[PDB]
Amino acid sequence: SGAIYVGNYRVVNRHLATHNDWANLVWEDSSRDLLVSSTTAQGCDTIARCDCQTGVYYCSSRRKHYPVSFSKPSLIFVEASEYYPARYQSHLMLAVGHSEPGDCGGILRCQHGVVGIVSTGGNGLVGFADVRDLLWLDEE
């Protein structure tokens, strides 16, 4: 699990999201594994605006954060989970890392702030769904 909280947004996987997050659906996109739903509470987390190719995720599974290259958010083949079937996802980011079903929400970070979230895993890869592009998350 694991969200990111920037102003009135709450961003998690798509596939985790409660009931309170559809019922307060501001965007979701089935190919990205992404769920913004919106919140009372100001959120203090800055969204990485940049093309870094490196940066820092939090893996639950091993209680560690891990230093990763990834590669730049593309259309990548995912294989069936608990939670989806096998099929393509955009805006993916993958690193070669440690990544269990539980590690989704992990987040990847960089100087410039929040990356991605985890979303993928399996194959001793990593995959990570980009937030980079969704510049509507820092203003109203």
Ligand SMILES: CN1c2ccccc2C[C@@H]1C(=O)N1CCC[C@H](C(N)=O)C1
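Numbering follows the first chain given and starts at 1. The term rigid core refers to the maximal set of C-alpha atoms that superpose within 1.5 Å between the two forms. Compared with the form solved in complex with the ligand:
Relative to the superposed core, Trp27 shifts its CA atom by less than 2 Å between these two forms. Core-superposed comparison between these two forms: the Cα of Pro67 travels less than 2 Å.
Superposed on the core, the two forms differ at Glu82: its CA moves 2 Å or more between these two forms.
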Contents of the next structure:
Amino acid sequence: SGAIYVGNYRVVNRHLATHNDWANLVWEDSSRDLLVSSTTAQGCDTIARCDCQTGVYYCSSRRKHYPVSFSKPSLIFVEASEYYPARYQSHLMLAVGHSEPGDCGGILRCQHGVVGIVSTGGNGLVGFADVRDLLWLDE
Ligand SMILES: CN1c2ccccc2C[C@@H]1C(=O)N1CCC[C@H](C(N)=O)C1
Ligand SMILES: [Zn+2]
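Hand over the structure of the form solved in complex with the ligand; the form deposited without the ligand is what we had up.
Every chain and every other molecule in the complex is listed next, the one we just looked at coming first.
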């Protein structure tokens, strides 16, 4: 689990969005596994606007942060799950690192701010949904 809180927005994995996220919906995209809802309180986080390909992510299944090198946002085939049929997920960045079911939502950060959130895993890999292109999160 986990979310990004920036301005009056809350960014979560679309497959983990709550009834309240959907009732306050701003934008969602199944192909990216992202959903953004509106909040009444002002959020804590800063979004990176950069092309970093190294950073640090939080892994809840180990209660620890790990440094990672990750691929540029791209279209990657993701196997069927209880949440989605087998499909290509866009704007996804892969890295070698630990991730289990339950780790989705962990934040990936570089020196410029938040880069994205854990969205895929297994096989000693961890995939992150990029948010750096969502320029409207800041205005
Ligand atoms: C975190 N993952 C994981 C880790 C170890 C072992 C098995 C898994 C599966 C899970 C996974 O990749 N998912 C499931 C939930 C929806 C995600 C999506 N963006 O489509 C895909
Ligand atoms: Zn950066």
